[PDB]
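Visitor: Given next are the chains, with one letter for each unit.
Protein chains: 2
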Amino acid sequence: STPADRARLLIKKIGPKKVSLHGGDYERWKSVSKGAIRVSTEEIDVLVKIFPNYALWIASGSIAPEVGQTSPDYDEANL
Amino acid sequence: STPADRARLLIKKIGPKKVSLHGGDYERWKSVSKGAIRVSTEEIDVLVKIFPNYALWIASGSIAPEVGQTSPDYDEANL
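Protein chains in written order, with the working numbering: chain Z, 47 to 125; chain H, 47 to 125.
Because the hints were derived from the structure by calculation, they are not lab data. Certain hints may be false.
Since the list gives no way to pick out one identical chain from another, each pair is judged satisfied if it fits inside one copy or across any two copies.
Claimed, not checked - In silico DSSO-like links for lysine-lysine, alpha-carbon gap of 30 Å or less:
1) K59 - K80
2) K80 - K63
3) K95 - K80
4) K76 - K64
5) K76 - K59
6) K95 - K59
7) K63 - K95
Build out the structure end to end from the sequences listed, making use of the hints.
Guide: Structure follows, in structure tokens:
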């Protein structure tokens, strides 16, 4: 996967409330969600405020549980 | 700092050779370098291929040497 696919996977699961509380535009956010527009550093910034544990996975697709860097599938599998 | 500032710090230090060998457009790369255009996931993808140890720092501004995630200033200070 690309960083954009991993970012969009998280973007598709966040609505106006969490986007607004972490300081993003929702209108842009929805256009990124749909694929209409490229994921920028702006979206990465909001996601890493929302999901600080996913910052490594977003950028690289890898995880490091040793330093509290996980992924959505990892957290789901770890419940 | 933002992810865009940290990305541009690395983008400003990479020329056509390393950009091309990791599969990016240089013309876009230079427009991102100058600030003319937003840093996208495309630039993050090339940077994390070039600098896999900086993927966490690019996304979050933090480091984790425990898992080989560093920064430019950290590596320079560690010589």
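Visitor: Next step is simple, just say for each hint if it's right about the structure.
Guide: We went through each hint and held it up to the structure:
no.: 1; hint: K59 - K80; verdict: within (12 Å within a copy, 33 Å between copies)
no.: 2; hint: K80 - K63; verdict: within (18 Å within a copy, 34 Å between copies)
no.: 3; hint: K95 - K80; verdict: both (21 Å within a copy, 26 Å between copies)
no.: 4; hint: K76 - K64; verdict: within (13 Å within a copy, 34 Å between copies)
no.: 5; hint: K76 - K59; verdict: within (11 Å within a copy, 33 Å between copies)
no.: 6; hint: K95 - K59; verdict: both (15 Å within a copy, 27 Å between copies)
no.: 7; hint: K63 - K95; verdict: within (14 Å within a copy, 34 Å between copies)
Violated hints for the displayed structure: none, as all numbered hints are satisfied.
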